[PDB]
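Okay, so here's just one chain, in structure tokens, the form solved without the ligand.
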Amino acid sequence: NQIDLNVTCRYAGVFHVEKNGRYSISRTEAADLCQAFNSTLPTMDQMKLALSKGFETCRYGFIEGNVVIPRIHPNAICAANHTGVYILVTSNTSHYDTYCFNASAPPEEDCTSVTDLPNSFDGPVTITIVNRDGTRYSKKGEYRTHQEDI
């Protein structure tokens, strides 16, 4: 009963989280997941400022209202060579990664590890935060509030 959460650097408070390294988060689970990090789904404006500080990924994830990929450098296999906050327009499917925004993070690039999941609640799951440098933090808990997500 284990979940890996792979997390990025923060840029103006915004970071990317993937569950188990595969697209597998619903829109309801995304809000709950960010809440566990004392964070919210980013607005478009928050994501655009993050972009401007150096944030980019090659993964679709939820923000408030849309599913996006932030892109700085054109890559043909990431958002069809687009730059900017690329908005997913047409998809059949409902499960992506998520972005999260933490107001209490540093204003620009913060590439320190994440060492806590501060607002997780009591539960049976071993949740492991996995940083890109491999640093891990585990705790037993739960973050999902919606039954359809478990």
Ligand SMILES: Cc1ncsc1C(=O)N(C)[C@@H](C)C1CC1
The other form holds:
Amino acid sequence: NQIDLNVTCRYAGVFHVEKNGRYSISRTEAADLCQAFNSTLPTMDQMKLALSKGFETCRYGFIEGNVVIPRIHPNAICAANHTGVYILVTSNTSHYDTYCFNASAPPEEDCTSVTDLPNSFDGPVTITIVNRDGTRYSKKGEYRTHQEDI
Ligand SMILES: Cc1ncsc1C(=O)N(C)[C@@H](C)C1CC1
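We have the form solved without the ligand; now please give the form deposited with the ligand bound.
Entire complex below, previous chain first.
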């Protein structure tokens, strides 16, 4: 019973979380997941400031109100070569990665590793935070509050 959470650097408190190496998070699960990191879904303004500090990914993820990809450099296979916060307009499907916002993070680029999941609750799942540099933090718990996400 295991969940891998791949996380990034934080940029003005914003970071990306990919679950089990595939698009697999619902909007309800995304809010609960960010809550386990003492974080919330970023607002579009928070995401734009993170972008301006150096944040970009090549994955769709939830923010408040939309599913987006922050882009700095044009890349043909990432958001159809767009720059800025690219907003997903048309999709049949509901599951993506998520972005999260931690207000107590440093103001600009923070590429230190994440070493805790401070606000998960009691549960049976082995949750493993996986950093980009491979370092890991694991703990037994749960973060999903909606049964349909389990
Ligand atoms: C534990 C941790 N490791 C690096 S920063 C940091 C922290 O204070 N957080 C609140 C983390 C859990 C959020 C991912 C930003």
